[PDB]
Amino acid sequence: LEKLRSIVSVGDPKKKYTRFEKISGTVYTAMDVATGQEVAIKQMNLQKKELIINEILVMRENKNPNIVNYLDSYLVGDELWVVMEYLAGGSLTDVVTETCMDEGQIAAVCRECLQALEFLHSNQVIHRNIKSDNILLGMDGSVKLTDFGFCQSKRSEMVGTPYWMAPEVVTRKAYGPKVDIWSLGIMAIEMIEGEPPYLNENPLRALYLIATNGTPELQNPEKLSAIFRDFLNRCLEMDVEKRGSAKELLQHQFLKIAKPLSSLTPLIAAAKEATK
């Protein structure tokens, strides 16, 4: 608990933040009273402690501009408050479902996600859940990853479809950083198709297809540019050794058609207007 006292901040967070709106514990949106910065606050009743504290410690040291970044934490009575930056642009999922992203906007998102993965993979972190729900957007078009850990019963039934998982993860083989690269390729296909790859398809059937067919089938490849399809083929190489690393793919030609991140801002406005 003395290390818990080494991470918590001095202050009453009820005084430093206002406009608490509710949206492993509850999640509020709030606003820094002194600067007006929007924040997201997660509240957790401590009474698997030791993991929570270790994670807080590694978050605060390994900041990165393409990761939803920790701000502070507070010991509030019996519960721990963890304060993150709030990204008000919403999730990539909303953008993907309400707009048709062009390849330039896709390349931009892919570059930003690959920068995050290079950072994480250099510190030996595996995200394991690279997918559109876990990509948050800022109102200036920033792109940041969320919902992963810095630090699954065979008897249980599958809910729902794990469409983002690499073949080596579905076969429950030990796996490494390249599973994120597979997931990113799936997400790029989702962006251009407007839907996750496996709908109308049962989870166990999807599991078998991921394991057997592997490199996912896309509708009408002739819709894609040759360089986008090459990029997808580098990401979705069933052979792990051949599959590109984050560092290698940051060099890929497809990323050089990326539009400025401001090009994402009209997509955000369109998504917000549609919901509702």
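Here the rigid core means the biggest group of C-alpha atoms that line up within 1.5 Å when the two forms are laid on top of each other. Positions refer to the first chain, counted from 1. Compared with the form deposited in another entry:
The comparison between these two forms, aligned on the rigid core, picks out a single residue among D102, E79, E193, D140 whose CA moves by 2 Å or more, and that residue is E79. If you fit the rigid core between these two forms, you'll see the Cα of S9 move by 2 angstroms or more. Superposition of the core reveals a Cα shift of less than 2 Å for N233 between these two forms.
Relative to the superposed rigid core, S245 undergoes a CA displacement smaller than 2 Å between these two forms.
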Given for the second form:
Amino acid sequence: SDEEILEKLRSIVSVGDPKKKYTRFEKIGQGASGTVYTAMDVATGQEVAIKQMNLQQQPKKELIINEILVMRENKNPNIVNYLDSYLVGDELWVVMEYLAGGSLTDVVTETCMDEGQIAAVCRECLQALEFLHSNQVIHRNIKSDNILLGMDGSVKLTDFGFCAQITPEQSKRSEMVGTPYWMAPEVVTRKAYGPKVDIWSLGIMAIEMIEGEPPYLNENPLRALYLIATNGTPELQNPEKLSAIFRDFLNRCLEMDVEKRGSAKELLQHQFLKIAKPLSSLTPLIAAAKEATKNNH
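Output the form deposited in another entry next; the form deposited in one PDB entry has already been displayed.
Coming up is the bare chain, nothing alongside it.
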């Protein structure tokens, strides 16, 4: 049972010493998921992110299994990719690409993004979603916190532990999975749902880019769930500040009718993306976010 799922996790990870391939371990953060380090590939110089986890103390090992399996099977330039993993006794070490630009959350909460920068971020995220959905993977937890940026402005999606794999005989899910403020109404109300819930969450992330927060953030998560179920498509504070094409893009992401809501493939053709600036335009925002997050300290 519980020992069974533990041995199932252990069987998919090679037994070895992470110190033979990686060096320069330096701690950058601690979560309930474990300790996160940066490190360096000793042969190539690649900087990597390594999370250290005590399996004896992980609550939901089945989730770790799913995330590792999904990452191994779905590599893509717009995803924070899995590199390697190691079993060290009762410790699991997971090696991922390292994104030195920080999270999109730091940018949206500390800067003003123009529509060309927002369009660039949206296009990179839609490229990841088109790839994932074409492979029957639904992320279900899209938010700025799970978008990481490279020092060159690259944009990549991370944190797949809430994801779902759909199949022909089970092409929809029904569970209230996600982070409340970003969840689509059909998820909040426990209706059958599919990949377009990620498109809804992307729409909420575009509201983050415009306003600095998802709708209802000042409310408790349960109250926010109630507001999503009862309001449906959220209101912008100042819609008149948006271009006509940006408003149309938002409307298509946040459509209540799932049939009418855009697919990732469809939204990659939207006129709004054609005003996208090059990804280098994001590096001044990264610099501002880093400065701001050292002055809040």
